[PDB]
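J.: Chain residues, written in single-letter form:
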Amino acid sequence: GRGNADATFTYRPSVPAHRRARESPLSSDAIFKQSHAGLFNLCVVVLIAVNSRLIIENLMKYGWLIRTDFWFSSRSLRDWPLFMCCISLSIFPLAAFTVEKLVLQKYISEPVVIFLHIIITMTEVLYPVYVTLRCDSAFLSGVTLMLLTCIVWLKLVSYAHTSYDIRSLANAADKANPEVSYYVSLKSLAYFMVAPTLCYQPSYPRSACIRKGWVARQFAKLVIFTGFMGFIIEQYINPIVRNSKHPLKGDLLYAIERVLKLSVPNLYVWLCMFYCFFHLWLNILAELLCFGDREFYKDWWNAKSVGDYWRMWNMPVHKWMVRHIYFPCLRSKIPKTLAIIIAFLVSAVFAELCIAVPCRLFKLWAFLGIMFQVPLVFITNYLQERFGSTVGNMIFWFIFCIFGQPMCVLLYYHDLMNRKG
Amino acid sequence: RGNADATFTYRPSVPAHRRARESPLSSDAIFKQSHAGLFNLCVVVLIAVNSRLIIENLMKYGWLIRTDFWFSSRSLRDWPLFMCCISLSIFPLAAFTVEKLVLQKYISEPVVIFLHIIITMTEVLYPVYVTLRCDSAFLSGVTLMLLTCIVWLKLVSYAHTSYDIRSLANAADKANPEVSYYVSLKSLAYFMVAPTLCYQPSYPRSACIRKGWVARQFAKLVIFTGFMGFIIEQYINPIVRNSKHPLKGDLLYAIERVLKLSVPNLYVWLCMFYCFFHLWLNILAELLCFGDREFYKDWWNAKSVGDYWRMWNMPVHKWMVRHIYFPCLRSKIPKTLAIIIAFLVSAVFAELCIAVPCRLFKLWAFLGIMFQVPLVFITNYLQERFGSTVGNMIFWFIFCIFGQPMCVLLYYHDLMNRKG
Ligand SMILES: CCCCCCCC/C=C\CCCCCCCC(=O)SCCNC(=O)CCNC(=O)[C@H](O)C(C)(C)COP(=O)(O)OP(=O)(O)OC[C@H]1O[C@@H](n2cnc3c(N)ncnc32)[C@H](O)[C@@H]1OP(=O)(O)O
Ligand SMILES: CCCCCCCC/C=C\CCCCCCCC(=O)OCC(COC(=O)CCCCCCC/C=C\CCCCCCCC)OC(=O)CCCCCCC/C=C\CCCCCCCC
Ligand SMILES: CC(C)(COP(=O)(O)OP(=O)(O)OC[C@H]1O[C@@H](n2cnc3c(N)ncnc32)[C@H](O)[C@@H]1OP(=O)(O)O)[C@@H](O)C(=O)NCCC(=O)NCCS
Ligand SMILES: CCCCCCCC/C=C\CCCCCCCC(=O)OC[C@H](CO)OC(=O)CCCCCCC/C=C\CCCCCCCC
Ligand SMILES: CCCCCCCC/C=C\CCCCCCCC(=O)OC[C@H](CO)OC(=O)CCCCCCC/C=C\CCCCCCCC
Ligand SMILES: CCCCCCCC/C=C\CCCCCCCC(=O)OC[C@H](CO)OC(=O)CCCCCCC/C=C\CCCCCCCC
Ligand SMILES: CCCCCCCC/C=C\CCCCCCCC(=O)OC[C@H](CO)OC(=O)CCCCCCC/C=C\CCCCCCCC
Ligand SMILES: CCCCCCCCCCCCCCCC(=O)OC[C@H](COP(=O)(O)O)OC(=O)CCCCCCCCCCCCCCC
Ligand SMILES: CCCCCCCCCCCCCCCC(=O)OC[C@H](COP(=O)(O)O)OC(=O)CCCCCCCCCCCCCCC
Ligand SMILES: CCCCCCCC/C=C\CCCCCCCC(=O)O
Ligand SMILES: CCCCCCCC/C=C\CCCCCCCC(=O)O
Ligand SMILES: CCCCCCCC/C=C\CCCCCCCC(=O)O
Ligand SMILES: CCCCCCCC/C=C\CCCCCCCC(=O)O
Ligand SMILES: CCCCCCCC/C=C\CCCCCCCC(=O)O
Ligand SMILES: CCCCCCCC/C=C\CCCCCCCC(=O)O
Ligand SMILES: CCCCCCCC/C=C\CCCCCCCC(=O)O
Ligand SMILES: CCCCCCCC/C=C\CCCCCCCC(=O)O
Ligand SMILES: CCCCCCCC/C=C\CCCCCCCC(=O)O
Numbered sequence: 097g098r099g100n101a102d103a104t105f106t107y108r109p110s111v112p113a114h115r116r117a118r119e120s121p122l123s124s125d126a127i128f129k130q131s132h133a134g135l136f137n138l139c140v141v142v143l144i145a146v147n148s149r150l151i152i153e154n155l156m157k158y159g160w161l162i163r164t165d166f167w168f169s170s171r172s173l174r175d176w177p178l179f180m181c182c183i184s185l186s187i188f189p190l191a192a193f194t195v196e197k198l199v200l201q202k203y204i205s206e207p208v209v210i211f212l213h214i215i216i217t218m219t220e221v222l223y224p225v226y227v228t229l230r231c232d233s234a235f236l237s238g239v240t241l242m243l244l245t246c247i248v249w250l251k252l253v254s255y256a257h258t259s260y261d262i263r264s265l266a267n268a269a270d271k272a273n274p275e276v277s278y279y280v281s282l283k284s285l286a287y288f289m290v291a292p293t294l295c296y297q298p299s300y301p302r303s304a305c306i307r308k309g310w311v312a313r314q315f316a317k318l319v320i321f322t323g324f325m326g327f328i329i330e331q332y333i334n335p336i337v338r339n340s341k342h343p344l345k346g347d348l349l350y351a352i353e354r355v356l357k358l359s360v361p362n363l364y365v366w367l368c369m370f371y372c373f374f375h376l377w378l379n380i381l382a383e384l385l386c387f388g389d390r391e392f393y394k395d396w397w398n399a400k401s402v403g404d405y406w407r408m409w410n411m412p413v414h415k416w417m418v419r420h421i422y423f424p425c426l427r428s429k430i431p432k433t434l435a436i437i438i439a440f441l442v443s444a445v446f447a448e449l450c451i452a453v454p455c456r457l458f459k460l461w462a463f464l465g466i467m468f469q470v471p472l473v474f475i476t477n478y479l480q481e482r483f484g485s486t487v488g489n490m491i492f493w494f495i496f497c498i499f500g501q502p503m504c505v506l507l508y509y510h511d512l513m514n515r516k517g
Numbered sequence: 098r099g100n101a102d103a104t105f106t107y108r109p110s111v112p113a114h115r116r117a118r119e120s121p122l123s124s125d126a127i128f129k130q131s132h133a134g135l136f137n138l139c140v141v142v143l144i145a146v147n148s149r150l151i152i153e154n155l156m157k158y159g160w161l162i163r164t165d166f167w168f169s170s171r172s173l174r175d176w177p178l179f180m181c182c183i184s185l186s187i188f189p190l191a192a193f194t195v196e197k198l199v200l201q202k203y204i205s206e207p208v209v210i211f212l213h214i215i216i217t218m219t220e221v222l223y224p225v226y227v228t229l230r231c232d233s234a235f236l237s238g239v240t241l242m243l244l245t246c247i248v249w250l251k252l253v254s255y256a257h258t259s260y261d262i263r264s265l266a267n268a269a270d271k272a273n274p275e276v277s278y279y280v281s282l283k284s285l286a287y288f289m290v291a292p293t294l295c296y297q298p299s300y301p302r303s304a305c306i307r308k309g310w311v312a313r314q315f316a317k318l319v320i321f322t323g324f325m326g327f328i329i330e331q332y333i334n335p336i337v338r339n340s341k342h343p344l345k346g347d348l349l350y351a352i353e354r355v356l357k358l359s360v361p362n363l364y365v366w367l368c369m370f371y372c373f374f375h376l377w378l379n380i381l382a383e384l385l386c387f388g389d390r391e392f393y394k395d396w397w398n399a400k401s402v403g404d405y406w407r408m409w410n411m412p413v414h415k416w417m418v419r420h421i422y423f424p425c426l427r428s429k430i431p432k433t434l435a436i437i438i439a440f441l442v443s444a445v446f447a448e449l450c451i452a453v454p455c456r457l458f459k460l461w462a463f464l465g466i467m468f469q470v471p472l473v474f475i476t477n478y479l480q481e482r483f484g485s486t487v488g489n490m491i492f493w494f495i496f497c498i499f500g501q502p503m504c505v506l507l508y509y510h511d512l513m514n515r516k517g
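In order, the protein sequence lines correspond to chains B and A. The first sequence maps to residues 97 to 517 in the authors' numbering. The second sequence maps to residues 98 to 517 in the authors' numbering.
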């Protein structure tokens with residue numbers, strides 16, 4: 097035919113076929129200086145075949161498990177006592193604003209301000225916890241209420257500390273510009289409480305305008321990916337978790353097989369959760385509010401260790417811990433390792449709150465898992481220095497996406513089922 | 098930052114937002130740097146999936162390895178076949194006798210083609226009758242039929258190359274070399290055991306024989322052959338035993354069985370290539386001091402099916418180019434019919450190798466080799482349309498996930514259907 101090789105002018109069989117002594121491939125170091133694209137294309141083809149076999153085997157065993165009443169039903173008893181609390185979480189920054197105005201005119205002293213701030217933040221933590229504990233609602237409503245409570249707590253602590261620092265620099269060094277209009281101050285606080293950031297500033301860099309078609313397109317992608325995530329949770333995660341036993345009570349091999357079976361759709365749900373929250377929703381929120389800065393994350397998938405992942409997975413939380421926990425501890429002559437223990441302790445307490453308060457279980461799995469990250473940072477740093485970056489990134493994937501999250505899902509689900517009966 | 102080290106402390110009055118930036122996935126300037134974490138994620142998911150398959154098979158079945166699966170009461174199969182493998186040696190000596198009988202001007206030139214036809218058909222038909230008469234295992238008859246194909250390719254190559262040298266020497270009318278009978282017999286004897294299919298009076302030679310190198314390659318050959326036996330016994334056998342015919346049951350069940358079987362089948366095929374085409378041929382070339390050792394190329398980077406067929410097996414490719422392609426081109430046969438002739442020879446010999454030990458007459462392997470001609474024409478077009486990556490992926494999907502497990506299931510269930 098056409099031919100993608102040497103020309104077709106005939107040489108006779110009396111002409112020899114062997115004239116030079118060569119050497120076979122994979123028997124010399126010259127094979128390493130060549131691109132082997134097919135060896136990764138083979139892995140991609142094997143992955144597609146494996147996932148296709150899993151889909152066909154799950155469909156043959158179970159069938160269509162999708163129901164119209166699984167996610168959103170007519171049980172609206174969960175809605176009204178907690179969503180009202182969601183609106184009732186907006187009275188705590190205004191109270192804080194009143195305290196700040198009380199120190200702006202010379203009416204009260206500084207320790208009274210710190211004591212009042214502790215009262216407002218503590219009441220803000222304790223009241224939704226009591227509301228969620230007294231009622232009986234779904235998991236999702238409680239998770240949403242706890243996440244909003246944690247975000248409002250971080251904003252209040254950041255606003256109070258940054259306002260004290262601005263007041264302390266404006267009173268000590270040089271006194272200028274006294275008594276700025278209450279409406280501009282209320283507008284800045286109200287703008288900060290809805291913006292996609294956790295650090296308070298009086299003003300922020302802005303963008304051009306609102307692109308309505310862009311916001312509509314990102315919203316359409318967000319609803320499609322959320323529906324895809326719900327389908328993967330209902331059709332694939334639910335059979336595996338119903339058909340298991342407790343991992344700490346039973347055979348070891350059976351528990352390892354259940355964790356390895358749960359590892360793949362959990363990883364898919366994790367990537368979809370990151371793309372839905374940290375990319376789509378924050379950009380839609382920034383576009384509506386004309387928020388200029390949009391560095392909400394970095395390339396965390398190229399992490400060379402556990403500490404690399406914790407440095408680049410979440411930009412607002414990392415900037416909040418650097419500004420409000422790490423640097424005040426460093427200024428007070430405390431060592432570095434104590435600062436990493438205090439920061440991970442704050443993270444472990446709030447993660448334990450968000451997971452355990454809807455579940456109504458005092459099992460400290462999530463607390464121990466966040467608190468175990470402190471020796472893991474040093475161990476993966478030593479391993480990455482000794483062995484390289486590829487082996488460090490593989491150790492990070494094995495620890496995070498293969499072992500930890502399915503084990504947490506199985507422990508919390510089975511503890512909840514043992515609580516109910 | 099990088100490892101563990103602090104930074105001086107700033108203050109919260111300093112703003113943390115001073116520039117208006119965009120997200121990493123909001124721009125097309127994201128592929129400039131290396132995203133090595135995705136490749137590592139694919140490797141980690143593959144290792145986890147393989148470990149789950151090993152643990153699930155071990156929990157379901159247990160240890161299935163037996164001490165008498167391969168070598169147990171083999172004297173009924175070893176005595177007639179291995180003797181027939183020694184009996185194949187008289188077929189070069191006949192052809193050599195015919196060459197000497199035309200070299201001394203005792204018989205004419207049309208008689209030698211007829212005599213070569215009698216020698217080649219007798220050499221093919223005698224092991225077929227010996228394999229079909231006395232009952233034996235599959236692995237003892239596969240070896241005999243593969244030596245029946247290799248000795249037929251060497252005899253056809255020797256006859257054609259000898260005729261071409263004689264036809265060249267006839268038109269010159271001068272003969273200064275005078276090769277003795279011992280030297281010609283030594284050349285033919287060296288050709289029959291060398292790792293090549295193309296006849297030459299002499300070849301480039303190697304320096305010497307390295308004993309430690311031969312011992313190391315032989316040790317690797319024993320370890321990898323044992324690994325192949327363990328994969329076939331422990332994993333391929335329970336999948337193949339608990340299944341049905343692919344055109345008898347439900348379609349979803351058949352697709353699930355082929356996709357289940359396709360993962361250890363790939364390991365057996367790559368291990369088979371590494372054991373034969375790399376280890377054994379180099380050991381044979383080292384013991385025989387054979388210089389040329391390019392027995393293959395990098396076929397795993399092929400962008401189409403025709404690319405794979407061009408670089409999977411160097412002796413068979415040189416034999417098809419020298420003995421089937423260029424004589425067809427010299428005789429004004431069209432270029433699209435020589436491909437059909439070459440694939441026809443390969444399909445007949447492949448169908449013979451799978452069907453004579455199995456004792457079945459079903460053309461699964463024959464039609465599979467003969468379907469590669471429209472596959473070559475389609476994949477060249479898809480390669481030109483969509484690129485080398487898509488072409489290589491189509492090659493991997495067609496060969497490793499669909500063709501070979503379906504062929505294994507069809508031949509097994511047809512064999513079990515015959516035996517009852
Ligand atoms: C719609 C799809 C649906 C799904 C799919 C359904 C069907 C699936 C079916 C099945 C899947 C599985 C398939 C098998 C898997 C296992 C394989 C094994 O390893 S098992 C061992 C058994 N195999 C054998 O017994 C064969 C042995 N035969 C050969 O290896 C030969 O080499 C053969 C017949 C393949 C001939 O091919 P050449 O490439 O070696 O040689 P030439 O035909 O002479 O030339 C081809 C090309 O060579 C170049 N060429 C031409 N002249 C050249 C020259 N002088 N020098 C170099 N190259 C030259 C040109 O590119 C030419 O192109 P131009 O085909 O005409 O388009
Ligand atoms: C809601 C409204 C909020 C607005 C608030 C106002 C301003 C915002 C303010 C400030 C900026 C915010 C940033 C600050 C903090 C936030 C980040 C945060 O806190 O969490 C984020 C995320 C994280 O979840 C994870 O699990 C990942 C954790 C990482 C892995 C950890 C585990 C592994 C560890 C160890 C391994 C174990 C090894 C041990 C030993 C081994 C042996 C050695 O959770 C979600 O929220 C995702 C939810 C899922 C997606 C739902 C849909 C998403 C779309 C929309 C929702 C709204 C749509 C409205 C549409 C209306 C019309 C329809
Ligand atoms: C706590 C968190 C900030 C991680 O950071 P951390 O290591 O604990 O503490 P810091 O942010 O103060 O320091 C991070 C690193 O940056 C380094 N660093 C120091 N100064 C820095 C600076 N100016 N900028 C950036 N990094 C800096 C630190 O040395 C540290 O490396 P180290 O850990 O070896 O000390 C945060 O990303 C986190 O872990 N959150 C968890 C939230 C969570 O678990 N929620 C539930 C999930 S389901
Ligand atoms: C990333 C790699 C995988 C991507 C490839 C996905 C395609 C592979 C193929 C095939 C499925 C083949 C079966 C076709 C469906 C009809 C079978 C039938 O006639 O039976 C009747 C029965 C009666 O009920 O069913 C139905 O009507 C059909 C309902 C089921 C459709 C589900 C399709 C969703 C597929 C993929 C989702 C993507 C996420 C992957 C998650 C993987 C987790 C393990
Ligand atoms: C650390 C990185 C590797 C990541 C792979 C995931 C490993 C998960 C599994 C298992 C460890 C199992 C060994 C613990 C033994 C104690 C359990 C017990 O008490 O009972 C023993 C039981 C008798 O009842 O069984 C046995 O005696 C031996 C069990 C053998 C199973 C080993 C298979 C899984 C481990 C590794 C596979 C790695 C190869 C993958 C290569 C793929 C390349 C693409
Ligand atoms: C005894 C007198 C008779 C006359 C002389 C006999 C010698 C004739 C032959 C041969 C030397 C071979 C030279 C030709 C090179 C081209 C080979 C070829 O073109 O054939 C390719 C083949 C079929 O197409 O491709 C395959 O896939 C084969 C897959 C087999 C993999 C099985 C793993 C074990 C590998 C090798 C056997 C172990 C060595 C023996 C050691 C044990 C000693 C008792
Ligand atoms: C002169 C000597 C010749 C040497 C020839 C052979 C050398 C290499 C050989 C063989 C295979 C051995 C590898 C396994 C190690 C022995 C296991 C053992 O100690 O004895 C079994 C014991 C009772 O005796 O207990 C058990 O059964 C539990 C252990 C089973 C472990 C299986 C590990 C499989 C590893 C990789 C397979 C990768 C393929 C995955 C494909 C999945 C597709 C479905
Ligand atoms: C009991 C928990 C309290 C939670 C927080 C309460 C509200 C905080 C509001 C702060 C407002 C400014 C106050 C005065 C600032 C000052 O004098 O000056 C600023 C100082 C540090 O002074 P320097 O900057 O001079 O070193 O800030 C701090 O000491 C803390 C800053 C805010 C971060 C609080 C984080 C809370 C969680 C702590 C770890 C976990 C709990 C540990 C105990 C069990
Ligand atoms: C149109 C249909 C053609 C046949 C199709 C089926 C072919 C099956 C495979 C066998 C033939 C392979 C090629 C052999 C010929 C060649 O290389 O070459 C055939 C040659 C080529 O001559 P040129 O080089 O001058 O073109 O034709 C000749 O007349 C020269 C004399 C050759 C004498 C020795 C031939 C080989 C002897 C042993 C095998 C005999 C035939 C067995 C047939 C079953
Ligand atoms: C079904 C009870 C809750 C199960 C645990 C859920 C834990 C939170 C994780 C993901 C839930 C949010 C993403 C999926 C929502 C899909 C909604 C929908 O498809 O309509
Ligand atoms: C409403 C009736 C059914 C209730 C049980 C629903 C299933 C609960 C089981 C598992 C939920 C898993 C939630 C998502 C896990 C991934 C989270 C992550 O990766 O961070
Ligand atoms: C023999 C050892 C048994 C170990 C039992 C406990 C295993 C670890 C359980 C949970 C680890 C933490 C889970 C992931 C981090 C916390 C939860 C989260 O934020 O998603
Ligand atoms: C009202 C209860 C109905 C039944 C339970 C439905 C809720 C599912 C609850 C817990 C499952 C998941 C908890 C563990 C989450 C860990 C997140 C992660 O994987 O990182
Ligand atoms: C069709 C395949 C071609 C032939 C390949 C098989 C060769 C068989 C020879 C030896 C296999 C021995 C199997 C050893 C199993 C593992 C033993 C062990 O683990 O102790
Ligand atoms: C029936 C006797 C006992 C069972 C013996 C084994 C049965 C399995 C049958 C066929 C599987 C052959 C596996 C290897 C074939 C080559 C794979 C390949 O070409 O890629
Ligand atoms: C010692 C050799 C072992 C070989 C094991 C092979 C397993 C598969 C069995 C039969 C497939 C035969 C394929 C024949 C290919 C072409 C033969 C040829 O033309 O030389
Ligand atoms: C899409 C369904 C198509 C069904 C087709 C059924 C026909 C099966 C024919 C060929 C299958 C594979 C045979 C080729 C592999 C050859 C192996 C070898 O040469 O040794
Ligand atoms: C008494 C002996 C009974 C039979 C022994 C075991 C036979 C296994 C043989 C045949 C099944 C097919 C083998 C592989 C052929 C297809 C090769 C391929 O597709 O590449």
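No wet-lab data here; the hints were simulated from the structure. Incorrect hints may appear among the rest.
[Claimed, not checked] Rough simulated footprint, nothing fancy, chain B against chain A, three-plus residues with beta-carbon under 8 Å: (1) 128-142; (2) 145-155; (3) 176-186; (4) 198-207; (5) 234-244; (6) 346-360.
For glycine and all other residues, C-beta sits at the position ideal for the given N, C-alpha and C.
J.: Going through the numbered hints above, which ones does this structure break? Give me the numbers in ascending order.
T.: Failing hints, ascending: 3, 4 and 5.
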